[PDB]
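Engineer: The lines below spell out each chain.
There are 2 protein chains.
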Amino acid sequence: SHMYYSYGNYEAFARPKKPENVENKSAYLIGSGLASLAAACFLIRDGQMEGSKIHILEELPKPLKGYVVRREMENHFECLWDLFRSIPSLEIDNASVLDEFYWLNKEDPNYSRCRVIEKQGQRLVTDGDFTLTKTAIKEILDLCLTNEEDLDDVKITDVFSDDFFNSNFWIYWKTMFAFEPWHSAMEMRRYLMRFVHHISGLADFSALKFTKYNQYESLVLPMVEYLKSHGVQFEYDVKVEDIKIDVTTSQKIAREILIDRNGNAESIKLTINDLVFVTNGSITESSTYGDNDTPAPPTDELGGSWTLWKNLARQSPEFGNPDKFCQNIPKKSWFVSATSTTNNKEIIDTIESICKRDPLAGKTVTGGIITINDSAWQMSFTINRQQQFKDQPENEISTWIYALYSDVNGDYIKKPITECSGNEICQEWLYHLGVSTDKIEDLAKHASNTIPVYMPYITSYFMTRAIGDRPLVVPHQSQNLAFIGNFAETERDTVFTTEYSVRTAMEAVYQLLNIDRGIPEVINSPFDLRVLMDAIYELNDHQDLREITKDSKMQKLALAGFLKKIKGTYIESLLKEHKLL
Amino acid sequence: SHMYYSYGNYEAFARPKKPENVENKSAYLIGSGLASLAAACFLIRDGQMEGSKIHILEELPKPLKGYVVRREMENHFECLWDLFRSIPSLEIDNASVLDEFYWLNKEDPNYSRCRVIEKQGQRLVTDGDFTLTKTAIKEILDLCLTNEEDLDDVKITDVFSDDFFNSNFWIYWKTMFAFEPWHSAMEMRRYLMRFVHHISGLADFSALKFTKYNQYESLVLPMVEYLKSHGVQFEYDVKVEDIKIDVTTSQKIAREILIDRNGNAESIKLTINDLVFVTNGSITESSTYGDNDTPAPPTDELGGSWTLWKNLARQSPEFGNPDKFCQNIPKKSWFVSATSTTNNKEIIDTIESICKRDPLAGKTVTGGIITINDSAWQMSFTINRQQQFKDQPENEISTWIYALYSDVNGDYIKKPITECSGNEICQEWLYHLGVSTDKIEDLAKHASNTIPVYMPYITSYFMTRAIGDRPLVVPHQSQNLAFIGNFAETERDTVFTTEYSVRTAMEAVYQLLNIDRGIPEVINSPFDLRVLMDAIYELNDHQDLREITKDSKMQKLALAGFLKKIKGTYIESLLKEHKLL
Ligand SMILES: [K+]
Ligand SMILES: [K+]
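Chains as they are written, first to last, in the working numbering: chain A, 3 to 583; chain B, 3 to 583.
Simulated from the structure, these hints should not be mistaken for laboratory data.
Honestly, I wouldn't trust all of these hints.
Listed next, the in silico DSS-like pairs over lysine-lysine satisfying Cα-Cα at most 27 Å (straight line) [what the hints assert, rightly or not]:
(1) B:365 <-> A:19
(2) A:140 <-> B:567
(3) A:447 <-> A:67
(4) B:566 <-> A:136
(5) B:211 <-> A:20
(6) A:569 <-> B:140
Quick list of the computed label-pair ranges, beta carbon to beta carbon [stated by the list, open to error]:
(7) B:441 <-> A:532: 55 to 61 Å
(8) B:95 <-> A:330: 55 to 61 Å
(9) A:392 <-> B:493: 43 to 49 Å
Even for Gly, the Cβ is constructed at its ideal location relative to N, Cα and C.
Chain A on its own, in the form it takes in the complex:
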């Protein structure tokens, strides 16, 4: 009740008055992920909180055998662009991160010239088409017409049938977003509605936008410099074990942060004027690393992030249900990603022959993942603009590889990916590029350096869930406690996105400080009739309403009577404008 949603330039460009009594308030942010950093930025810029009163608590201190790549953006990351228009670029003078990003993606717009391959390097013949049947389209629409409240614990396989899963649409969708068939239909529905304005860019990634470098260099480092320039305090080697919260009949008040500061057990006592921002849960927690000759050791370890959320959930069911997300994760789930770095011309030339661009040119390369449709692992890989690390040699590329299925033997390396060294993952990948099999072993072992990473929780955002499993950003009656990040709850936005991190941060800061400025709503595209007309046209692989209805009597007649009632009206002009007539 302490915020309101808005849209349009009035609320975008307006500045909030300094919030009431902020001069006597402090902030503690648990973890240094994007959501914590964003919340600190809003605390500085819009809360006008004093930097020395803002404390970022990081578990790690202030050696992997190679480069490791970790996601993209779209124009309607409304909250994220509100943030980064205020963060100075570290690459361009007198320019924001938004400016640098905006100009770069106009100079070198992202698109894919090859989205799906099969048969050891051949482009899928129907690449670019959705190959959705009428039944599959109806299931998509029926899911969207289902209330979110009726999708508690429903799996994607509960709402779609064979036609949909055989479609190219599902190939594009599951791989670009990392949906597994057992994942949350509720989240899949949110994604369908959230990105409906970009349906025309699904097959070719033409709606995706990327930073110049990896996320740490292009997003985190600029935020850090901004926060440091305003005196914000960074606390390393601090493990938050619990937060004692009073949950009374009238209020929720965080009372004390129980920490281990460099082996020493200490405690931070809080008043109502000391705000606590918890990033509950983590998809990168407990990650392990291999090298070119060693697999990343599988693990089920619960780290500090999941232990902390469990300790908060013990104090109120309003603080969420972490076990839905970190327990009972199927062993087929995506766990392993790998970064394969090479300067070898044979590999780089093979990539060029598939993606149609020079990987070393410094512009778009694959334009997003290429999916190997017939790979047992259901592997995809991408090469961003190179190099993605500013100190990497200019003759090197780093390729990011991931597998949706973790418990199935590969086609060339006949083992599950979880049993594979870096070079074995690279060999399986090189096989599917069409590299001659008598060269694969040496090119992977001696011409490349591949670092695998095992992430027990990388699919955790998407686990089947029920309303209530995620805490509200500001739980009911909370006075000084907020939850931020991709396991907190807010309307219609989609998790596994950087936008969701910034949105929850902004909503938390605005609500706890009662900031008198609107939060931009999730973009209104699923309510926009023009966008919905485009979606019907795109989903039906570019067929007008007559062609859609051509083989059915019940519809071909309803359409005849509809066209007779709209003839010569604005509705007919709109349908013609959007190619439905």
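For this one, chain A is given, so just place chain B with the ligands on it according to the hints.
Structural biologist: Frame of chain A; chain B with the ligands shown alone:
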């Protein structure tokens, strides 16, 4: 083809690169109205044109007997807020005009406590309700469903019948926007679609927002100071008589500006790199002024603005058809407005008794016009926050009065308003406030000072028109010539608004300089299903779909079958959210 429309924060917050070759370009803006000033501001900020190369050409030089008041804003003036977030306030340090305006309208939000009066000072009993019948509602919707291309030269009386014109809706609508029954149905349609998101605020003005002072002090003066601080050149006593334009088979190029600079006939020769921004036509041209004892003398004079547009239209029909707007204006049209200033407690107390607020308190007073429904003149009046001039005595108010009908005897002063002195207009107004008739003459003649103004073209924006009567902002193949202001043509936006002035200015500058940043589209509210649901609910005076259909078989049955097919779905939840179920 030299611009694109956008929405959302990405394009709002992004800055355009410096446009190509702007260092060798100059700009001439004809007139110093809002559109010219806005275009100069965009030339500085986004064109990065040198201030000394920007020339504002004003006909007047660098004595009325009293104060003269001249409109409001809404949140979705998308282009105007893009502009004024960059203009420094002259009232608050380190703040924009947008900030000052945003904070003021949150501190003192606008609303009316009395919108319509009758019978010499009594509130209309049904004030607040639209009193629209089903037939009237159907005509509203049928107009919106008509293509704009089918409304050439159609009058409002061609598309509405008796029920609509007897509605409270039409009272609110015609007076707040100054529509006459013979005005353009095309523009009325644009207004219905343009402001559909504010239908719930039509009766009480709760969607209106106002500057602190009159428009000159709160909008023009800040822009002027901004332009002067950047070296922009202001040219006074310059009358533009013509612009010689080459209209070839391949290009339109302005060649020379023919001027009279202080009685001297001179000429400004232009290259392709010299841009010309013409504000074609004017609603204030040829205005005459009276005083407390003298009517403003009626006139049909064509001034420099209308002569110039006629001289441009002689060179291409693509430059518009001014005669549609400045000729054959019916003599019943609104011509006269008056500003009545008083410090008299009897008058001020009578106003307080009607509007329910202290006129001298410095906050909202009437919250917008009060309409005298049974006045022969169809008179309305408003009192903004006082005082509206920063050097006015603190015990004074200034009331703005206007009459939609100019050729009908008044109820107390039995003469058309065009024959009335300032004090006679005030007397007619005081009669309709319920002032005792034995006091009206002395309170108007000796306790008030009323300045009338006769404006032959004040209704000119709304004259019946056809596609093509207004020039495109940048006509086809124009290299260096643009048209801006409320007689230029752009999609869906509404004239008689300051937003239209800023929009045309922005579109002209962006197109002529090929600026690489989106222009915000007219707000998408008529395509937003949520907004349309609200509109149905509001237009039907807050009745759900069952009550709307209760007295009809064809609809009450179609609704039964519709409800049976949407039961338990998201569509039903949406309808319930918006009170239609
Ligand atoms: K905002
Ligand atoms: K924009």
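Engineer: Now look at each hint and say whether the structure bears it out.
Structural biologist: Comparing the hints with the structure gives:
Simply put, residue 365 (chain B) and residue 19 (chain A) have alpha-carbon atoms about 20 Å apart, close enough for the 27 Å limit, and the pair holds. Restraint check for residue 140 (chain A) and residue 567 (chain B): the C-alpha separation of about 15 Å stays at or below 27 Å, so the hint holds. Between residue 447 (chain A) and residue 67 (chain A), the direct Cα distance comes to roughly 14 Å. Compliance with the 27 Å bound is thereby established for this hinted pair. With a C-alpha separation of about 23 Å, the suggested pairing of residue 566 (chain B) with residue 136 (chain A) holds against the 27 Å cut-off.
For the proposed pair residue 211 (chain B) and residue 20 (chain A), the alpha carbon gap of about 22 Å is at most 27 Å, so the pair holds. Taken as a hint, the residue 569 (chain A) and residue 140 (chain B) pair is honoured in the structure, with Cα atoms around 17 Å apart against an allowance of 27 Å. Between residue 441 (chain B) and residue 532 (chain A), the C-beta spacing of about 59 Å keeps the proposed range 55 to 61 Å intact. Distance hint check for residue 95 (chain B) and residue 330 (chain A): the Cβ-Cβ separation is about 59 Å, which falls inside the suggested range of 55 to 61 Å.
Hint check: residue 392 (chain A) to residue 493 (chain B), Cβ distance near 45 Å, so the stated range 43 to 49 Å holds.
The structure fails none of the hints (numbered hints given earlier).
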